[PDB]
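One chain comes next, on its own, written out as structure tokens in the form deposited in one PDB entry.
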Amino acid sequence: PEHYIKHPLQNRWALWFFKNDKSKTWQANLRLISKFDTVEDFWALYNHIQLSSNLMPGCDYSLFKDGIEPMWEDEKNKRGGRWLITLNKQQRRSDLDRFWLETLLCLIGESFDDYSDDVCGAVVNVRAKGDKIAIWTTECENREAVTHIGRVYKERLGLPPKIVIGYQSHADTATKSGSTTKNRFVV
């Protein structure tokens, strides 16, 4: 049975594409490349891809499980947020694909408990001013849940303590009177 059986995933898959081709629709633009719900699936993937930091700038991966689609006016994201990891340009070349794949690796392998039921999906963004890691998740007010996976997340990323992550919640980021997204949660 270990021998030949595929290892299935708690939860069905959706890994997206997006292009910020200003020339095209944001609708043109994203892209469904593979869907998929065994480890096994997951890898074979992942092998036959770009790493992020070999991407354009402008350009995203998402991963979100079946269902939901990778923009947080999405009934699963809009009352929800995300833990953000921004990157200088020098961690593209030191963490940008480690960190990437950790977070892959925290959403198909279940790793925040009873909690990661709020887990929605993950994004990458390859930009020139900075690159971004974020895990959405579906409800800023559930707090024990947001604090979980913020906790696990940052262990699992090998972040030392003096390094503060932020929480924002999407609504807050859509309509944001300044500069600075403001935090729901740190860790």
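What we label the rigid core is the largest C-alpha set whose atoms superpose within 1.5 Å from one form to the other. Residue numbers count along the first chain shown, from 1. First, how it differs from the form deposited in another entry.
- Residue 43 is not among the residues whose C-alpha shifts by 2 Å or more between these two forms once the rigid core is aligned; its shift stays under 2 Å.
- The Cα position of residue 28 differs by 2 Å or more between these two forms after fitting on the rigid core.
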Second form
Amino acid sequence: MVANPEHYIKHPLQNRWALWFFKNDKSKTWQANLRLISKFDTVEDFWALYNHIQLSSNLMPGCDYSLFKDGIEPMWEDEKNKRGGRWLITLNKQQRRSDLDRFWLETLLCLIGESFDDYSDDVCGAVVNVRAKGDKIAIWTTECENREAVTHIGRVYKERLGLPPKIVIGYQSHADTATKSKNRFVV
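Condition change, the form deposited in one PDB entry to the form deposited in another entry:
For this one, just the chain is written down, with no partner chains and no other molecules.
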């Protein structure tokens, strides 16, 4: 009689997120090809978007999805990414059907669930690149000199995906990727 079961129509997330899509439309430049699909700030709206969008393993080669916090564009040029970098995970051709979709959904849940605790503010978003040569998934962070935040993020993320502990993943600064002719950290 006292303890009435309570329920909620919406369950807000701690941050608002935006899903971006990149298509290699050869009539446009790189930046013009990076477009905002939609924003969400609740569990219900995340699942409504995820269940009704094309899987990463079904995208054409050269396409990308990105989930970034509201106000952060998924590019090195953004103020919140300029001094940052990314933890990069590389997949071979065999892993497209077996790992890509599982890894990306686990990455999305990692982000929206704030799995990095006190280093949550260092997280900017994640990107999945679908490529014929090999797929890639990355988590983008705001400051490549914050070693404690970067390595905590990397360690929690690598363990979450269930990656074998013997093969390392690297963290590349965006300033180094933008000038490539090199990893700052490994985990």
